[PDB]
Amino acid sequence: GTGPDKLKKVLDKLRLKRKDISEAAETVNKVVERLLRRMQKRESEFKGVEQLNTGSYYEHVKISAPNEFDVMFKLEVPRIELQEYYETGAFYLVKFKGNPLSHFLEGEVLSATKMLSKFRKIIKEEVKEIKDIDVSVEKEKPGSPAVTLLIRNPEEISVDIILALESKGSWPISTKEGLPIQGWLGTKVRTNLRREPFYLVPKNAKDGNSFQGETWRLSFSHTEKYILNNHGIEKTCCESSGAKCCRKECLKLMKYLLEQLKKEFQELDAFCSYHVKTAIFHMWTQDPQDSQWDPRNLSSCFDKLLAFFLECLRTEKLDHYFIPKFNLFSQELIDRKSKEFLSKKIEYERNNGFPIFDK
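Will you show this chain by itself, using the form deposited without the DNA?
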């Protein structure tokens, strides 16, 4: 019943939530594999699609909602020329240096709207041919670029399929000072990770417009997965012949704290798990030693993450780990009132034994 024991019990509660999630993931994977086989057999601009096995499930940090999954389909696109749409690196237009994607251009700019419309049309046709699993495509929602499958097993699982372009070019200059892992995972790892492809995911800016509709955000979901699964200064961190740390446990707890708060308070709508992930990436940089994340320090490590997060809220600053000029907590993206509200709620939990965990 002490504070430390209670936090360990929350981790036990999250451990129990995993079984339903793992079972659901196996059903999701069967459907997704079936669909990818169909899309790989059919002749189209999307024939080369593959699953990118990233996101919270494959990082082992999906803590809730066994009825909701996101999956990314990557498509290699040669000779992408990027234009920064926001010079922070928050958004890009895609242009090209014939061209396999020529049907989806609006002038020299790749239309996410056109490309996604065709993606959706094909998915819808091919899903109707999957006869031995109960699966349909959800009606398109304006402003939602994912193509959502509805699987009945017999319970309903929603799967959001996100198209990601893959570029094998050098990472965008907005990322030059990003991935600050040099004192933690080191310079050789950083070099190696930056030699890997990067991804572009459709996302509407919702700004002045014109090319509202045709903007893309950068995605490093592969790099993030690698970091989560290779997160120690020692190569053996959390392996069978190494020592456990509490890095992922702290991420899980903080994600759960935010999830529980968000369920109760619609004033926290603008926050999301990626804020917590980004914060913990910075914490792992700040405190690189595995000994700083000893399992015995679960409570103190959790508390330092909350303190760091509260300082990000106070300063309205949380830099994208890969794109340092992109401030996820800018005044423009999140109102001061929302940040002050979340600060208050976090301090309350922290000072009163985290009652919200129990809801």
Given for the second form:
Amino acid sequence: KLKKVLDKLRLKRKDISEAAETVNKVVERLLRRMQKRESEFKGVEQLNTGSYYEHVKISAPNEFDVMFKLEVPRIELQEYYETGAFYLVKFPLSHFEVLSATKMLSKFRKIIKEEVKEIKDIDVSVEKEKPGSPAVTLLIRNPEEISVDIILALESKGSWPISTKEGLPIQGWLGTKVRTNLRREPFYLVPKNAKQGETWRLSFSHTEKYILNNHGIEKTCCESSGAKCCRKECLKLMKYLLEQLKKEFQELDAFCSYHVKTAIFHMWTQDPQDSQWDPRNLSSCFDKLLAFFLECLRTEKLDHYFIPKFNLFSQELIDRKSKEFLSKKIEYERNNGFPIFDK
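For comparison with the form deposited without the DNA, would you give the structure of this protein in the form solved in complex with the DNA?
One chain, no partners, no other molecules: that is all that follows.
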């Protein structure tokens, strides 16, 4: 049943091969252009992120997320009044004393659009800009559509901002050494605007990737000399439930896969033992993820996993009516054996 759905969602080896080689041609050419032409982003480096590099992309390898990260030393940070995730940056990049996210992104966008016009072997265009968003999105066609988000990022090597001090609550699950080591990694700021044009937002995509590929309380979880768990499969199932619902209902435009990812990070913290995610218990595990997600809807509270005071389900971000609509749609699917999984 759920097993059969996961067979449908599993990517095909041939499809993976053909998408990646086209994606990698385009990204390599873009990363070269940021370097060789003496742009203000010389030194930018590639960091692959998101579901495809975390091995939880479902259905088709048709959406790829790539970070172009740039070290900036002396990056004075001021919290955009009390939001937790949004900051103003202060002190080559002289043409952007506040580093305007909008101004930096636009020049980054301009460069990419120029380089895309010279690619003659791949059918690739730049998607119209979505306001406030941090991405430059590419639309590729090998006959099948593939989109690529190029995400500009500032990389800072100082200790993480104080609003994360209580985040990453992995101590009872991945442990204190893993937590201390992860917080010795840099933190990242991404030109996503708040509601304004100068604000950046923290990104922990690199930390989330590590967690996805090192998710057990036992070191051997899902390795060739350990036992499989069903953590990622539950994430896939929940991503699919939301993807299918978002296709149908325009009322759900405010929801995104990151809400499902955040909710399962909390569930993985609540239920740390690998035996609590036995493959034989896939249905129970999926159902308790559903119940926890519904509890977040009812209480209007889904805290950012790295930034606990930042409520992704606040009234300001998602209207109460949207959350009650999603609650009804999920409650219905749950009570009837998920008919939407058969479409």
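In this text, the rigid core denotes the largest set of C-alpha atoms whose superposition between the two forms falls within 1.5 Å. Residue numbers count along the first chain shown, from 1.
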| property | result |
| --- | --- |
| Sole member of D134, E177, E196, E267 with a C-alpha shift of at least 2 Å between these two forms (core-superposed) | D134 |
| Residue shift check between these two forms, rigid core fit, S158 Cα at least 2 Å | yes |
